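Next up: a single chain in structure tokens, the form deposited without its partner chain.
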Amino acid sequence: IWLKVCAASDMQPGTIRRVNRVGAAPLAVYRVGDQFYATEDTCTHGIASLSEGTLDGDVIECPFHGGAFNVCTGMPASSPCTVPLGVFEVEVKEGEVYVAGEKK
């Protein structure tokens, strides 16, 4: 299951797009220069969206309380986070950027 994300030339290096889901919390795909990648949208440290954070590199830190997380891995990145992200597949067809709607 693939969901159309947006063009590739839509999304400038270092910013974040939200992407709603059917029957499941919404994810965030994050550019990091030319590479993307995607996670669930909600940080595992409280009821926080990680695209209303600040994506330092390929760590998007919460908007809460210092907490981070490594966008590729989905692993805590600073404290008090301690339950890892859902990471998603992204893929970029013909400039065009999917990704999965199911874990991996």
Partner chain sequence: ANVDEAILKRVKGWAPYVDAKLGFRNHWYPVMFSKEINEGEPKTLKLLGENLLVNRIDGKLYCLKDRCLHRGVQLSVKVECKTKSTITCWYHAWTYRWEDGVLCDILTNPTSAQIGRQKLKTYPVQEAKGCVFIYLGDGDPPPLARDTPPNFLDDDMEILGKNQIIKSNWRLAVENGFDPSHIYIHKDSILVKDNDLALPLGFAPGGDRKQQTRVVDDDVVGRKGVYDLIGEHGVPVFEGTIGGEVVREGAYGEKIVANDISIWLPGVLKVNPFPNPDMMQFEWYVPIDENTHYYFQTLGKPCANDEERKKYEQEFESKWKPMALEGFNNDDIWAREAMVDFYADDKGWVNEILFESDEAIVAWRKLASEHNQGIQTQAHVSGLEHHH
Second form
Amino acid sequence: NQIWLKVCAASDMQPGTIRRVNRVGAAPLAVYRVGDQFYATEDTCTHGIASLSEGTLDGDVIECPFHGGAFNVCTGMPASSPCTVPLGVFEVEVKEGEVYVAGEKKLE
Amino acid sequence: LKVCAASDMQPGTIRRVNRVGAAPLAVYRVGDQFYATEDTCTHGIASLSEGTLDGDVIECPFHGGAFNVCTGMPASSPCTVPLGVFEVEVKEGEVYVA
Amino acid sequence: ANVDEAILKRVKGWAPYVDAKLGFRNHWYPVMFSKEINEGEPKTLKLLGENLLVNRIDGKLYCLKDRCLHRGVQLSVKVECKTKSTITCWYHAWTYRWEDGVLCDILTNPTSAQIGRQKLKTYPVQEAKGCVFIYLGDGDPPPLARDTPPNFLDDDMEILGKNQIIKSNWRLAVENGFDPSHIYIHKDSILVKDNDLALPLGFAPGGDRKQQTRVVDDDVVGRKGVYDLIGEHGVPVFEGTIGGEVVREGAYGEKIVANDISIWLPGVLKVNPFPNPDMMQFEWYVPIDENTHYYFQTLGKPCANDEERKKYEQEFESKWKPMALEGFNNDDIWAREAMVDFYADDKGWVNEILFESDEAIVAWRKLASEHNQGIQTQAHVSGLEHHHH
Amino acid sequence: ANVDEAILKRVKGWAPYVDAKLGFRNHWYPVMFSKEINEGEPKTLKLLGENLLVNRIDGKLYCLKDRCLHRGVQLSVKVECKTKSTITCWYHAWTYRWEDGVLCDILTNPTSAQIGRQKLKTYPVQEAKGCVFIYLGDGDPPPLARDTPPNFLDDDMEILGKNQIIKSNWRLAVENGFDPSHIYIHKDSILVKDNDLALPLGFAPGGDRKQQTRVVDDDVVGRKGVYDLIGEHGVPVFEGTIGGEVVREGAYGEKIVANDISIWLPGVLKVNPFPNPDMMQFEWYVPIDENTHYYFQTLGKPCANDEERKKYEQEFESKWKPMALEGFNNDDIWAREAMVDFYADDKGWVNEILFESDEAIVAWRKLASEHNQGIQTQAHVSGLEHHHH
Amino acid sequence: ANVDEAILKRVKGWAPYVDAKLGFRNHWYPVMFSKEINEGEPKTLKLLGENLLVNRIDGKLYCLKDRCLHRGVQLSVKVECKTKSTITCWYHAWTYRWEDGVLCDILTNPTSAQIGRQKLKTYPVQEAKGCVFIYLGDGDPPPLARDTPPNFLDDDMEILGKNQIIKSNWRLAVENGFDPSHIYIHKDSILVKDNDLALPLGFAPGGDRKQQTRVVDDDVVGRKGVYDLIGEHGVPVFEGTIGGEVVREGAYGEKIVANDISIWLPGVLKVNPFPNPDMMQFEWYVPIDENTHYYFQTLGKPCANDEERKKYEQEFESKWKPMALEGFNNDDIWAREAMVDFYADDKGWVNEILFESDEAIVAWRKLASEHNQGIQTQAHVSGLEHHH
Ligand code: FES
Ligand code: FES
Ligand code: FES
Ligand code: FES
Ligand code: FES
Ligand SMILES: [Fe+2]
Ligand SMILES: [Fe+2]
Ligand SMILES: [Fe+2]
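Can you now output the form solved in complex with its partner chain? The one shown was the form deposited without its partner chain.
Then the entire complex follows, led off by the chain already shown.
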């Protein structure tokens, strides 16, 4: 259960909600539902120590609660200042109504 | 004490009331209602009867302080000290005040 | 508008006066004594925020704005008066006439299209009673007498005095001067004891509001000002009490002074008689900038011959200057300076809590609001209004 | 509204704290030592942007605003205390009671309608442990205990200290004090060597967000505070590495100091034990204005009697004040000053890049935002503004 | 936008230049001489409003922004260079590589997730002619040659200089330098008398507007500048007169200097020949902030070998530095300063009244406005802003 992490059921997350996944001995992840699509990034804002799962999802844009920085949850690319460092993006797979997230990020 | 008559002043107007060796009053008509306060602003030496009425709120000409003419409560800074209210009665369409 | 429109909206009584941070435009102001400027020795000063140059050519005073029309440098950084009647900017040698401030030569381009087509701003100057007066204004000046108090210009009146830069807005100086209750600050003046003055601590007013002052809107010479009449129906206070107990007394001397106190636009106080029954005091509070004024003090005495003049100038220098203009008015300087902080953000004009003797200050504020000849604006200072094209 | 609304919109976690540039109203603050104010000798200070006058009358302290109601002058420019219980403004003699600020007399017009109808602002004053506290707020004060750290008020605790004005905003001083990792600036302090302290370079945190601190909002006397618990599940760093090579070591002494670090509203740090294992440090960062604070340093040591207390006063005057309050905390003063430019335009509050030990500061910023008793504004300084509907 | 939109809409032709109170981003600028910065001895400077640190490591210069990513302190408050290749913030020991500015270690928390995941801003630095140039810009720099006047970088060209800080906006310094008529201020200069210089008081412009200057837009190396050609069709004034009366005379002298005057982006003036017929003056006006600039003065002279270099070194030191760089140019310094107040509120740009010789300055303003590589803003200084 390290390559793919069992998160939750696909219909157990309303379009435009965020869910935090605690991995043991590594940084937590954030899984977002934008409409019918699922995406995942590191949970930790790249600008500090804020948890992005306590931010505001506005479509495909997560707003950090600390300084109002933001990221595209699809690309992980910064969407508002002061964020400049891209989030780690984690592949999600919906296999049999079941949400799985990669235990390792795509290579930058 | 006699002041004037119900139709001697209009809705939304003020009227100074001097007194035989006494601190002048200000009489207001708010619709067809009549109220009396001190004429002197509690924030300095202004005459409120020379200010602007805005419903039940007299605005002081000096610094823009304001009072409710019913209650005497400060309604605008810099006023903090409430305005002395006087009892008002009209019998036969002749406005008397206490 | 020099002041937040939210403050001006609140001061309906006298908004133009609260706006008048830099002073009133189109008025005469004294800036120095005749003897302070010699033939062909030009002097720099700042007046209602404007850098000015003054010169004496063939005994007559001329005033240029101290700003080259070209790149906006001060001519005064390096004065080059290269012919009797001109001044040459040190930078590209644009040359102006004192007499009309016409651009008449350019030593760097004698063939320039600018020559004769540009004019440096100038201001009317006029010596009177040994004083240099500048009309900080546009168009043809009015007669000096409009902006001087009664009797200043009387032929017999010998005017002696002194001038310095005080770090307060001119309005705080005016109001302190004309303030009937402010006499409390003078209660320990060397002048009061050593010249045997009667000086109460204040006045308990009587009569009605109108009686506290006489507003002068009716002067044939066009003067505008206010007399303080608190003494006419008022009870002088010679015993100061706190909770029934006497803690201070007034001065019970023989000489009654200051029976006649008047303030005039553009900002000049007359106290008559002062500081002795044979004398009167004329003092100006002249705007230099928002934070600064000239405290231009004079004492007048009628002098019918050249013996009396010599007699006066000797007791001015030995008695009245150091006892009155300094030993009495020095307390007025730090009183003014102490009001700076409260008025500096313009909020004092809203937050001040006035009492009955401030009737005289309110009358001056209305007078000044209704009868000033213009508000000086930062626009005038940076030179974006009423120049030559 | 001390800060651009667009900045406040961005700092959703702690908007009130970022707004609190002038400090929190409705808390007690230490401003001076009891021994610096003598019977009938009024003392001036500024606190939360307000000029204050403190006086001792029959041994008890009272506090008036140093700003006359009339024309906004400081009474302190020329103090006239004419009776025991009153102060008279040097200008127009408005006279106020120390005990309740009531305008009880005016020497210049004993008939004024203002007499008994106007009130100069008062602030409560309390002495504890030789320290003068002022309640910079409105109405009935809470007990001093609410706004002091645990054990400061204990009967056994001998408090010695010093006070000075430091040029930074009070919040920079608070955050520097409670910052677990800032201990790096102290690595070469004379006191670490001369008092054989154990002092790491920093901490590798363990556990989760919640275990890094204990947020106290449930004390019996109402204190609101945060304990720094980075040490409980965290590893002290004694070997500082670059590319895996050791370039600096921490200090290896036997004396364990600073186990127990807490910050309390309105901005007071408790460090226990420090600088010695039988002592505590309590330090306040008191807001004077947006650019300035009092660094009010105290050292607590339980002494049971006259004997102990005199030895402690000797090792305070000879060792602790110079070795610790100066030799250790001098680094804290210039560290605070080094943060001024980044935070000066309020941009720092958006652009800072935090790391893990900043959890303690973040917990402080949220605690202060949620449990402060009000934001001091420029309107509290000059005069509250409100328009009718 | 550093200037009110109301003022920029009125100076339509050269709005970009009026907006550039902080200077132009994405150019090279000289800040000091090579000799002023030693191996492992970091130095501070402010450039285009940014605090920077320069260090020399195995002979090579590196430039980091002097602002810790963490709590925004200057690292130079207490420099801690703990390895040859890094600098460690004094506050919480965030440690950066000089080479690329990567946050490579944190002594106070070696387990931090920020490690390897943040980068302090770096700028390219190059030494040429014993001068230190910093590329205050983003991405790969252009060749240094683009931002130097022609001949400065020539192999035989021996460059000696003087640098100092002056309290005027850089643009007032540029305009003064290139103002053909400003030479009036130099009329009593001791260099004139002593090196026996010919110096007019001024110029009667001849020819048409376009012949007053040559706007250079076609240099192979990308240079963008203006030659002042007022000397070609115009008449040099040697007798200044007020109503036909001679009041002042020019400098009658044998030595002909300053035939060839050119201003170049980003703000360097070339005067050939000066202050002697076999030498040229290259002088930059480098923006430090709104109110301040480096007056970076150099004198160039071709020298074949060490016997001639040593010769030039000697009379720079004993003649040209004291007599020209100081004795001539000091009047430019106070002239610059005399313009601050009129231009302070950005209103001088509207309110000046130009005359014929100002065509040179008008050509620089238009050239600066269309060929500059970027406007430095307060956003670059404190941190770029943007909301979605
Ligand atoms: S921690 Fe997310 S924007 Fe700063
Ligand atoms: S006197 Fe009425 S608002 Fe001040
Ligand atoms: S600025 Fe006066 S001549 Fe150019
Ligand atoms: S200012 Fe204090 S009594 Fe007038
Ligand atoms: S400010 Fe540099 S490491 Fe914290
Ligand atoms: Fe006076
Ligand atoms: Fe510390
Ligand atoms: Fe020059």
